[PDB]
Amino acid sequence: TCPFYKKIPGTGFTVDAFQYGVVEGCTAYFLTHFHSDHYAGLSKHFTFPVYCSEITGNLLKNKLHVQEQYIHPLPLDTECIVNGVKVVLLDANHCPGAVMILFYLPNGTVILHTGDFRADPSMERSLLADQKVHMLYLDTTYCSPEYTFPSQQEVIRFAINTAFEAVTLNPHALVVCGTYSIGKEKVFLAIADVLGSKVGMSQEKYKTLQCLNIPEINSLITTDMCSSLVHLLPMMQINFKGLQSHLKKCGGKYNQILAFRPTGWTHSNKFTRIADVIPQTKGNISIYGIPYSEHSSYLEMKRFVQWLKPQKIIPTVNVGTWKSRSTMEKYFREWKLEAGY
């Protein structure tokens, strides 16, 4: 059964609610983005209208085989009427195709559902500038002040400089980058661009990337692993055993691996600067964990909410424990008392 924080009151709509069977009263199912915890339940046998971005709808059709007649892609930044209700899709600054959804309820209430997002000051000049928001369904993944991490631009500068130094010192080094979902494509694309290579990957991952509307993508990726010196592997293989095994398969072309594991936050963030990050090394294999986040830091989240000034907040992450719920409610009240709304 579908939980309350996935239902939009005063509508027939649900958000990210495909794992509960037929939800009573739902006339349109929205999908914020193509991550498995959110799409869980969708397949070629789905027969209700799904509303989403163009990119999400390319993934639903090619990867999950949902039939075309049930996929309703909406353009971004554009007022659309769905089943008698005005909606807008906004870029969420999460993975490719990820959106926030503005709902203009028939009674005058305005609701923002963030989906998953990484808050940014540029959202203060989107279509959100133009009217009041009563209710905020908020991605609270990192809603605690210990969650600090650098900008995505600082993390990519670190990765590119690290990879270019290593391969210039040793032209026989291979670079490997872990992946298990869409998102974080800048890591492997930025490193392949500085090295003058395409990114090599499996047929299944090439297929996924071909759905993402990235400009000039045919110039950037390949399934011919032998022609490439940046390889993508599943995240589970980014360990010393997995990497040793991969290096064997390369037929003596390479004699060293430098590997990247983009994580979210880890507790090594509480003490060390991005500048000072060091790898784990065994022999001719070195592994860097890099804190590339596609979710808001605590500070980015707090700035967004203090600007928006919602009347009510409904968290969508960390909702399962009383301690997490009480912690998040305390910070929301701090924010509100500090800013005066």
Contents of the next structure:
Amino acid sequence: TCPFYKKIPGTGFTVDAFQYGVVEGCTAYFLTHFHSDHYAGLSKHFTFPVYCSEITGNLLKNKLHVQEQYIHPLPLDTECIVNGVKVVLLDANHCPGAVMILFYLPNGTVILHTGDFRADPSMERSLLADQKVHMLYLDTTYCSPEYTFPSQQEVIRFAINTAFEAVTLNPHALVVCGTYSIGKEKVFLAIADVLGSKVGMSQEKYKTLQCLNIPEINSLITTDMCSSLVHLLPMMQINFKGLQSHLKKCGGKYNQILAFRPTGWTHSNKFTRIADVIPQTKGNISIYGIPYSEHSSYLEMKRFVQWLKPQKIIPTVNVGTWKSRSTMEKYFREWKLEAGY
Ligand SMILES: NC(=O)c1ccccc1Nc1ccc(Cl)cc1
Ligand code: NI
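So that was the form solved without ligand AYS. Now I'd like the form solved in complex with ligand AYS, please.
Complete assembly follows, chain above in first position.
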């Protein structure tokens, strides 16, 4: 059974609703981004129209093998008509190809669905600037004031400086970066650039990256592990056992590993500043957890909502518990009161 918060009222549309079989009355299925919790249920045998970004469409065709006849890519920042309803896709500042969707209902109601997003002041000068939004379907992943983390720029600066220092001190050190989905590509691209290397990876991960429309990508990545001093591995392998095993396979080219695990928020954010972050170390292996978020912090979310001033908010994350739901509702009321709205 499809939950109410994935249905767009007054339309034949659903958002990120592929795991419920045939949804009654749904004439078009929207997909905000290529993360598995959102595409769950899509496969090569799907036979209904899917609306999405160009990048998401590349991944559907090449990774999930969805037939081309059912994939409907739309350009960003452009008014489009879908089954008689005006829609716009906006960049979500999440992972590559991730969008927010604006729906202009026949009755005059306007709905924004954020998908997954990291709110930014630049969104205040998108096509959102024009008009009023009645309903906001909101990515509430980190809707609580304890959720603080640095800018993506500060986190990248830390990674680049850490990697460049380590490898300049020891030219026989290998850098390893963990991954389990698209998103957070800047971490490994920025480290490789400072080291004057391509990023080496599996054939499957190389395929995925070739779908993302990243400029000059052929100059940045490779399947030839031997040529590269920055390697990607599955996130599950970023531990002392997994990294020891990998070092053995490199045939005496390297004698040290510096590894990075990009996480979201962790509790160590409530104690430590980014500049003060230290690794876990065992012998010749060191592992840094870095707080590289592709979701809004509490403060970024609050600013966005107080700027937009929607009439109604519908959370799409943390909706499973009464405690979570009551906590979010109390923050929404605070924000409204403080705004003078
Ligand atoms: N869920 C809601 O819609 C809501 C509930 C309780 C109190 C306020 C609310 N919505 C809101 C908050 C802040 C702003 Cl700026 C605009 C709308
Ligand atoms: Ni996501």
